[PDB]
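With the hints as your guide, set chain B with the ligands onto chain A.
The lines below spell out each chain.
Protein chains: 2
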Amino acid sequence: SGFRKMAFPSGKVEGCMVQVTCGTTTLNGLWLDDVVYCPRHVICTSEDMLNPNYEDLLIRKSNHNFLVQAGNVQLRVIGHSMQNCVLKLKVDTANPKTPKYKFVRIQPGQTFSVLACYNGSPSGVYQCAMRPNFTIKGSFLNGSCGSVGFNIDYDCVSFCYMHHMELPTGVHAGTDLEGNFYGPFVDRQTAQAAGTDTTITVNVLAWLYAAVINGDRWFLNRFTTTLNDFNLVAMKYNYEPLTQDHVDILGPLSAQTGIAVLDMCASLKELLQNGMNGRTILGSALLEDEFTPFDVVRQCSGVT
Amino acid sequence: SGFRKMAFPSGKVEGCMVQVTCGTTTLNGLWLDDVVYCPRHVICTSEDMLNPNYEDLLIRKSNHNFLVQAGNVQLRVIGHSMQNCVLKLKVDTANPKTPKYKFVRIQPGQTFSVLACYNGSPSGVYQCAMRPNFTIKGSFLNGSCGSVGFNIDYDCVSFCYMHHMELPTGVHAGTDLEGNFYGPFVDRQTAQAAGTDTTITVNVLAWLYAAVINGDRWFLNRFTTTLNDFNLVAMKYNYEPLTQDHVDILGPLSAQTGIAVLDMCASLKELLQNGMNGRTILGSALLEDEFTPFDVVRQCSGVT
Ligand SMILES: O=C(Nc1nncn1C1CC1)[C@@H]1CCOc2ccc(Cl)cc21
Ligand SMILES: O=C(Nc1nncn1C1CC1)[C@@H]1CCOc2ccc(Cl)cc21
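From first to last, the protein sequence lines are chains A and B.
The numbering of the first sequence is the UniProt record's numbering, which starts it at 3264 and goes up by one.
The numbering of the second sequence is the UniProt record's numbering, which starts it at 3264 and goes up by one.
All clues stand as given, with none of them false.
Taking CB as the label site, the calculated pair distances span: (1) A/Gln3455 <-> B/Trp3481: 18 to 28 angstroms; (2) A/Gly3433 <-> B/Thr3506: 31 to 41 angstroms; (3) A/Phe3486 <-> B/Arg3368: 42 to 52 angstroms; (4) B/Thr3361 <-> A/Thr3489: 57 to 67 angstroms; (5) A/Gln3536 <-> B/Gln3346: 52 to 62 angstroms; (6) B/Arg3368 <-> A/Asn3314: 47 to 57 angstroms; (7) A/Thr3489 <-> B/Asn3316: 52 to 62 angstroms; (8) A/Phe3486 <-> B/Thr3361: 54 to 64 angstroms; (9) B/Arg3480 <-> A/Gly3458: 18 to 28 angstroms; (10) B/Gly3458 <-> A/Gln3536: 31 to 41 angstroms.
Residues from chain A that keep clear of chain B, each with C-beta distances beyond 12 angstroms, as calculated: (11) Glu3310; (12) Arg3323; (13) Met3345; (14) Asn3347; (15) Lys3365; (16) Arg3368; (17) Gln3373; (18) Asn3396; (19) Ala3454; (20) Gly3458; (21) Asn3501; (22) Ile3512; (23) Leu3525.
It is worth saying that the hints were derived from the structure and are not from the lab.
Where a beta carbon is used, it is the ideal one built from N, C-alpha and C, also for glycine.
Excised from the complex, chain A in its bound form:
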């Protein structure tokens, strides 16, 4: 028993991290097969960032300007191209440590592990969720750009995020591995509105099920609710509206604990209306929304 904010083991990703330097800018790249992926802003100086013309800036660069280093060994760049906000540096050597991998665009509300890196070196790993507003609340300092988010299914690493920037509000923004930003963000030093964020209701319900499985049941009550009534409360408390698709995804956890989804919804409604009253659920004094129903099942059945 026990339930923790668990990251995927990062080994397969560590073997893909490289350092990319262009001019005076150094950040991280992801080396898969014979391509290194990195944020295109590696080609900007600090002054270029107000409003960079990336197509023009990239035209002044040649393959020999992109210094790619994997640990201590230097990679030979034989091509470069910009795809949305990422650069693809073709190298003459396929990464011998390339795992089975896929590039995926995750949905808001889904979770992933981030391997935070500096100068191509892994610093740490943490699990987070993509907020409904397409930002992530990470831990990223200058030089962390190019760090990636991923999930693993057996031996296949699905890369879903590459880190690009910190908005003036301290929240984080990045792209899929085809360089498409999640959300409305652009890779320029300008104030940018992140939309209204909401709490990921299906994740909070999943975590309440994780709580019951792991011994915490104080919040269970004698009530039930309906999707309509629960969504009125979800509206008031800035929670994502619950749908039958969300209810279906909670099916396995509802079957495992014997607590109907709408009965768990009534517990959540009471917690929203009354708070925790100085109590905790799985070491938390707030309603946790960074575990999907899949994460709860995977953690509770010990999937390797």
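Relative to chain A, chain B with the ligands alone:
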């Protein structure tokens, strides 16, 4: 910016994980050089666990009874010995993926990453602290025994914990890599008292400094306190008494933010006496004690 409960990258540890089977029991082992380390209770059946005579149980085992598997390849056991609560299985092959490593006995209140494993396969990684009462609050299911806790300093992995058991209270207990239990625990299925636990005061102060560095300052106030006065409040709220050694370890964070340690102590005293009042600090609605002052400095300066 941003502050997360970050684990060390687990790659170097993943390469050391093996599956050890003895009879009908399977758990994890740590393969370093030509030795595999695992909990001695791999030699018990479920019935042996009430009160096992480990010396007698081990006498009925030969090297050929310990099945050690690294991924798909089988290791040849050429020796076995019990050291406290761990077995050391000498194998004929040194692990080619053995990193630079040390075995260390951590102090209560220190933190470490756990790589949770099942059948020799890594499932996830999370950071936790050794409680003042020598238990850990992990996420461990049947078969997770043998999973290890560690810290990394550049390229050296200091292994500090090997998981042995879950107490009837749902908390976790384990040993150092020489098989000495942390705390009063014994590897037998019997009810065992974990001592009175306390909150790790120096860690909460470190995390309050991490909060200030990362933009959260609502809790800062116009007051100060003394070690004596703060310790009266620490006593009442079951916090570890603060010493000048703790104050010295917070020196770097006090110098970085310009907030004297006793002034941060007055903020903590007000938070203890009045609560958060429905507010949060770094995404938490309670006072976090799983970040040491070293973790805060390391996270805030991007150490790889
Ligand atoms: O955000 C950036 N780096 C970053 N990403 N996570 C953390 N950090 C550092 C600032 C704390 C760079 C520097 C600031 O100016 C910009 C502007 C646009 C872009 Cl794409 C990147 C950047
Ligand atoms: O605790 C144990 N395994 C374990 N450790 N973390 C999680 N879990 C499973 C139970 C949930 C085993 C089985 C229970 O009985 C015992 C008794 C003594 C010893 Cl050393 C190990 C064990």
